[PDB]
Amino acid sequence: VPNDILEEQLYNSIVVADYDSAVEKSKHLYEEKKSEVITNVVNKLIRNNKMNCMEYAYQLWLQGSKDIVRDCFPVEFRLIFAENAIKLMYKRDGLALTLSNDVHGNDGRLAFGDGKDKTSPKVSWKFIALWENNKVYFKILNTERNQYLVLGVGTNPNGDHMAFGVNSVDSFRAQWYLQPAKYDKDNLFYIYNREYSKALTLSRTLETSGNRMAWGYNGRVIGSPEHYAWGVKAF
Amino acid sequence: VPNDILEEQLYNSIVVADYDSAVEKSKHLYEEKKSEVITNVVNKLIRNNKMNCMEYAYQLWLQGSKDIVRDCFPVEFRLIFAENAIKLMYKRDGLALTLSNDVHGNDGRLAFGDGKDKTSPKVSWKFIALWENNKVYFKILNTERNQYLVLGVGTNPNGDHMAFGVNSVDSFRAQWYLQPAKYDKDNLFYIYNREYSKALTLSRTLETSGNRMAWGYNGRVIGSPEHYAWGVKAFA
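If you read the protein sequences in the order shown, they are chains F and V.
Numbering follows the working numbering, with no gaps: position 73 of the first sequence is 1032.
Numbering follows the working numbering, with no gaps: position 3 of the second sequence is 114.
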């Protein structure tokens, strides 16, 4: 059976979220030195912004195929699923996500893109995966503060929610899902809130410090990863 | 009638908040070239952190004795009541109060001591006095944003309230009262929220930018103006 037909079969199984089939097909392809098929499928999935790519990687990771994730996917997938310390870099601004030092009253720490810090422990995060109802979600943990990224209940006039870091994940407001995207060189992700289905973004309003407040954005982001997606870089 | 007794009489009228009496006594003292008496009384009020000193200056100001406020009081009193553009300089840290650029939802812009900016239009404020029930309160207006200093409802774990700048004063959370203090050369003020009776302060936690969050502090401040009071300085 030709490579393009093997790609098609694998691709289709992921698109309909039959991940056990995807994983079994993938194990066979990898075992048979047809990793090119997997790599091309993942490439297509990202190009087409298929969220199911995340679940596919996760099930591979869980089901004895960490090697496939290592070898056939953008490095971001291993970093995410290995819970490595990473930086969340907003493509549009090249700023790393971080938390404020002091608390934002009752809200937990304020999340923002730092105008200047791209390297200190304060911009280090980990993704902690959880599986529920055929979907992978993430707690996004700030390692310096040991607090989780959340959207606040309240909205600005645009319907945007403020982003914070809080102690516990006791709500869908503190869970996130990813949608991969390709922009030129880079593999990026839209990061959506589980509760509100709004993309994590940085304000177009600069602070005098160069900081940009993070928001769950009430607007369309798809098709503009250079404006609204995130890069996951090793810390 | 000797000056010492005149001082005591004037002082007593202020401490009991009979401002009409205080003002009439003051006009007479000023007319009679005994402005030393007024100056001494003001000095005493400030040393004793008497909040009634603010009402006394305001009543002088309202009742045609702006000359007395100008001549007999720390310059900050004229700056406050003439609504000059001023900067709010936290004595402990030497940071000017300002607002963020982005608005933190319903809360308004975040109020903070700027780590670096001591001079730009964003650190310009004006006090807008209001009289209610024998007291003077102030709306504290950020000139650049046309927004008023407010304490938010929620608290951190200490019971401190975050400070914000908002569009309207439609609540006591956006009103403030002053208590003068002396520290060395500096006439300073504690700035208390009308609603919560908490003093405006800057966080001991520095932001990476060197900014410090402004809080309505749940704690004792009196006795420590070098830690918790503010300078009111003319904006250049």
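Certain hints may be false.
To be verified - In silico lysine to any residue, SDA-like type, Cα no more than 20 Å apart, as pairs:
hint: 1; chain 1: V; residue 1: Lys155; chain 2: V; residue 2: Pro113
hint: 2; chain 1: V; residue 1: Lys344; chain 2: V; residue 2: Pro113
hint: 3; chain 1: V; residue 1: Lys227; chain 2: F; residue 2: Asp1076
hint: 4; chain 1: F; residue 1: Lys986; chain 2: F; residue 2: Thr998
hint: 5; chain 1: V; residue 1: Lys229; chain 2: F; residue 2: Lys1050
hint: 6; chain 1: F; residue 1: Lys1050; chain 2: F; residue 2: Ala1193
hint: 7; chain 1: F; residue 1: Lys1075; chain 2: V; residue 2: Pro113
hint: 8; chain 1: V; residue 1: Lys233; chain 2: F; residue 2: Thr998
hint: 9; chain 1: V; residue 1: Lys233; chain 2: F; residue 2: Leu1165
hint: 10; chain 1: V; residue 1: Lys229; chain 2: F; residue 2: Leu1165
hint: 11; chain 1: F; residue 1: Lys1081; chain 2: V; residue 2: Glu318
hint: 12; chain 1: V; residue 1: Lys229; chain 2: F; residue 2: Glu1166
hint: 13; chain 1: F; residue 1: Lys1077; chain 2: V; residue 2: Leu317
hint: 14; chain 1: V; residue 1: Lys229; chain 2: F; residue 2: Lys1081
hint: 15; chain 1: F; residue 1: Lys1075; chain 2: V; residue 2: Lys155
Worth flagging that the hints you see were computed from the coordinates, not collected in a lab.
Against the structure, the hints:
no.	hint	verdict
1	V:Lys155 to V:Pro113	18 Å, holds
2	V:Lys344 to V:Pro113	36 Å, violated
3	V:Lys227 to F:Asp1076	17 Å, holds
4	F:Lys986 to F:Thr998	13 Å, holds
5	V:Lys229 to F:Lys1050	33 Å, violated
6	F:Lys1050 to F:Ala1193	15 Å, holds
7	F:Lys1075 to V:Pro113	65 Å, violated
8	V:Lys233 to F:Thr998	53 Å, violated
9	V:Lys233 to F:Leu1165	14 Å, holds
10	V:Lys229 to F:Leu1165	19 Å, holds
11	F:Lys1081 to V:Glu318	11 Å, holds
12	V:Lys229 to F:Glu1166	16 Å, holds
13	F:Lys1077 to V:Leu317	18 Å, holds
14	V:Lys229 to F:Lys1081	27 Å, violated
15	F:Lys1075 to V:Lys155	49 Å, violated
When each numbered hint is compared with the structure, violations occur for hints 2, 5, 7, 8, 14 and 15.
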